[PDB]
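A single chain comes next, written as structure tokens; it is the form solved without the partner chain.
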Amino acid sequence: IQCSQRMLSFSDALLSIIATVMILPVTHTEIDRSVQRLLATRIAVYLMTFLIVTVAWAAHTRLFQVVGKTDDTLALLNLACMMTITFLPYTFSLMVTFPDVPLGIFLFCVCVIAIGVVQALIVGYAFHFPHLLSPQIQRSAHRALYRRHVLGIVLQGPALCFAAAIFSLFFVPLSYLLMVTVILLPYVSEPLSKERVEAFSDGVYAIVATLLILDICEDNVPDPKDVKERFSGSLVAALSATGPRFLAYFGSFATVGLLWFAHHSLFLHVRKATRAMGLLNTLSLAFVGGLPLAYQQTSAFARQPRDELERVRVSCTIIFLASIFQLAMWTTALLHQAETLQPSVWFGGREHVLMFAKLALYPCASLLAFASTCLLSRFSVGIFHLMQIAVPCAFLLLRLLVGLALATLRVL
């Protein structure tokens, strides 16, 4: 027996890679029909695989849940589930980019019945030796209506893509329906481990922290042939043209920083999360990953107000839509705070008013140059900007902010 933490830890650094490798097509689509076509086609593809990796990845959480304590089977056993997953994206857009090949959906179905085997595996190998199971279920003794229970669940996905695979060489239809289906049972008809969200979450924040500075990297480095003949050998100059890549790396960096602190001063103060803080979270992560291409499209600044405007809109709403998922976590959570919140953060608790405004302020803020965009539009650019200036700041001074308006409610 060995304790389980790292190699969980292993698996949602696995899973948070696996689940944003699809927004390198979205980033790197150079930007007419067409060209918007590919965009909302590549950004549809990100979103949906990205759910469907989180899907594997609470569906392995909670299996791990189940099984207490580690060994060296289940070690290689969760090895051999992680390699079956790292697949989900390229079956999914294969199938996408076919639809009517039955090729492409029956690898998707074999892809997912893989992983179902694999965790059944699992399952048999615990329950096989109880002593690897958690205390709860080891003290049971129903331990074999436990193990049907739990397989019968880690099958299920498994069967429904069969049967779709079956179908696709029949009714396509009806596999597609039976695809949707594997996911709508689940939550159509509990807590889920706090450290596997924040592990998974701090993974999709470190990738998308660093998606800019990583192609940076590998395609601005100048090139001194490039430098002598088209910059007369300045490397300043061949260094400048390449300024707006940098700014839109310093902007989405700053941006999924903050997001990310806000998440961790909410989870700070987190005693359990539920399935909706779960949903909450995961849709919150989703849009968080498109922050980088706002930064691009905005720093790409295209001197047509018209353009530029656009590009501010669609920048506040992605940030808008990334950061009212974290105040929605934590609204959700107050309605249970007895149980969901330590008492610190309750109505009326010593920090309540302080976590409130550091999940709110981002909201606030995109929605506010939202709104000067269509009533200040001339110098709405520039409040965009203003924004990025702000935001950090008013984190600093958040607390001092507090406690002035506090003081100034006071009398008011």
Given for the second form:
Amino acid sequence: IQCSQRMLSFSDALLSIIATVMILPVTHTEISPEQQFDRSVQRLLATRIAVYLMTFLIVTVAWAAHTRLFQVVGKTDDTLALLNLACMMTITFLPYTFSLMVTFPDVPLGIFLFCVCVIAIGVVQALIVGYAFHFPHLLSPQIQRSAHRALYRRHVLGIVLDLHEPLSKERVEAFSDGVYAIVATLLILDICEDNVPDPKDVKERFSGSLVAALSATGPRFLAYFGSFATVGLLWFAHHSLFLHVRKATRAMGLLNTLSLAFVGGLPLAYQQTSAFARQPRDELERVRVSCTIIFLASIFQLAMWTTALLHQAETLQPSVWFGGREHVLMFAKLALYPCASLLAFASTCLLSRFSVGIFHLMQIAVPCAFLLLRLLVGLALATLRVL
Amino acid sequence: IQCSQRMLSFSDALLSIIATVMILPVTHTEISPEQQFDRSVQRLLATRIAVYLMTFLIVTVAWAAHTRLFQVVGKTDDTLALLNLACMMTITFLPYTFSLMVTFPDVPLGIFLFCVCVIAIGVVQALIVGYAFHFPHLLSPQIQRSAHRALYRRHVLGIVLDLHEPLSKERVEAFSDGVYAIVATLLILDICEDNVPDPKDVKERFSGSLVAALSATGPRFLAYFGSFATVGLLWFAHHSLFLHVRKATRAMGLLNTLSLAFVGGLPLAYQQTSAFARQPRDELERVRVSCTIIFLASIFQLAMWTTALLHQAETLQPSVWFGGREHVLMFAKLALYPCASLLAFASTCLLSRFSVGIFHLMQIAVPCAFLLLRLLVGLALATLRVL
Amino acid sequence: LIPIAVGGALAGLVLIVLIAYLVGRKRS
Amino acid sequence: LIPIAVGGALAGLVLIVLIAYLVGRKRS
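Requested next: the structure of the form solved in complex with the partner chain (the form solved without the partner chain having been shown above).
Next comes the full complex, this chain leading.
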């Protein structure tokens, strides 16, 4: 009988991969052919994005169920590890089955297969529940101390077959880290896959000048740079926030899920923004899309912190309470990105023809603002203390 | 000043992704055209495998350097998180630059770029070291307790610009979990990407019979099933082993690196083994390849445990020492896979024409043997106690 | 066109965040 | 052909693992 930490970490890694699987078709999409084949390509792109969002939400629901199930189960043994492996294996099929269902809604086979997958997940979780309750010493201390465990043995089974409830903070952190890491390095995978200069390619087009062939692919490298920087800074904000949380609630979990779902779209936004169009109006539209995606990504982290503030008296560390030693700094740190993204958006309307340059300048502004945030907060508070 | 656990976990996830990036070209390869275009395709395949191995080893070396660097550095702050993000971003380029160098060895540009990447990693790690030693309270308790810290401030810098030394057990676990999770779900990504029946595809070839179109792709689903099962059970063995380790040494780290590098090849082995050939001799060869890959993967886990046994008196938990309560069970658990793989290999020579069926039967035998391992060990020991 | 409308939706989102923060402050 | 030779290399690997285990046992 051993601690279950590592098996839950492995399960969280698997769940991150499975949830974010369906992003690959979106980034691997036929991005931009000239002469505006959009009138027919945009239906495909929108279908792919919708499938991505739906699959991510479904897998997140499955992950939440898993987190609760192994919250009631405290310890692990050789049998529970294998049962959890079976549960993970059956979970891994949800994206493909959902995509098949949406692809062929009229044929009942897809819906039947999705139902089969859900039933399998439920059955395996029920087996885990039964195994745990058949051996009392595996349950969490609270459950096996209680005398009503008999009712819980059926209650949890009924669940597996509200906003104030706790989630596992550790598993929220693990899943969020997995998703952030997958997204940040998303479009370096394809660069490695297909962007190394072919010897014949350089020989014919670039007459053997490898430097010319390399520079021909600058835009995708720049897009990767921007995407990684933005996603890393969003993760930094998330990490700073969650270093100060005592307990995580279901509302915070839902807001985190929304934040991650919207974070997932940044690689596409940057790929498109560096996929230069024929005329600059499309470029302004691309910048607007990037700004709105970033705002949507970060506003939900800010919303999560504000929601936790409603019960700070129990939910947060004292250092972040109202009037705390770092409350102002935390608010500024979480509000930075939404402000910059919103201003970059508004610039497209107010100072349109300079907005692309303003977006580029904002990309450089935000990281430095994060780096000096404590110093700038101190300076601003010192200035405003006597006003 | 806050704990650095989560930032190291995120760094380990990023490093797993970066190290395993170059496997994608191997699995996305032009697997098997009939009439044996191997005479020219095998050079490409071997080049890709060599690049994968070299890049994985390089990224593992970088990860080990990072683990030591943040072993000397104990705590983290807002600045160290951003510096670590910069270090990770610069690390992410190693695979592409190495591939470019190997692709164009005569052109000095690739070698220069690789040197630039290495120098950048070193410079950023030196900046982290300087920042840490400029603020004493961030270092680990041992270093800031010592009075020779002045020498260490230059010593670690000299390192960043032996077998008995300790590694971070937590980071070994995290990196291994990342790699195992990436590999296990490796060839479901492509199934989702390109294996959903196209409406026109089923309409023309299969006359609208979606079931026929689905069954046309059975082999890849079966390959995914086998790959996930094998990799999950290997991870289970790794997890059971490392639940009983007090300290991890550099020799154990090297053996773990070899184990992971050889684990990475299983998806290709299974994809090929389900990529049925024209005649069964090639099938026997494919089974041999799968068996040898599995043996290479697991024998190094067994070797790691045996190496740790040499200093069990300090390295392992008492329960696994010689004569311990679980020593025999641990040995059997780690030796299972090598034995089955070796027997499956030998069958190809001794009982060749039944060897494919024996491989299939072994795939079912191993998981059940793991499930009942404690009971079977008890039974065998009871029988042999009086012989 | 829509850009100003979607910007207004963004403004509404930040406004609900602000009202949540102010409610928390008042509760204290 | 090679199959038996590579199998012998595998046997050598397991043999070095076994010798390591026996050395550890003897050290006790």
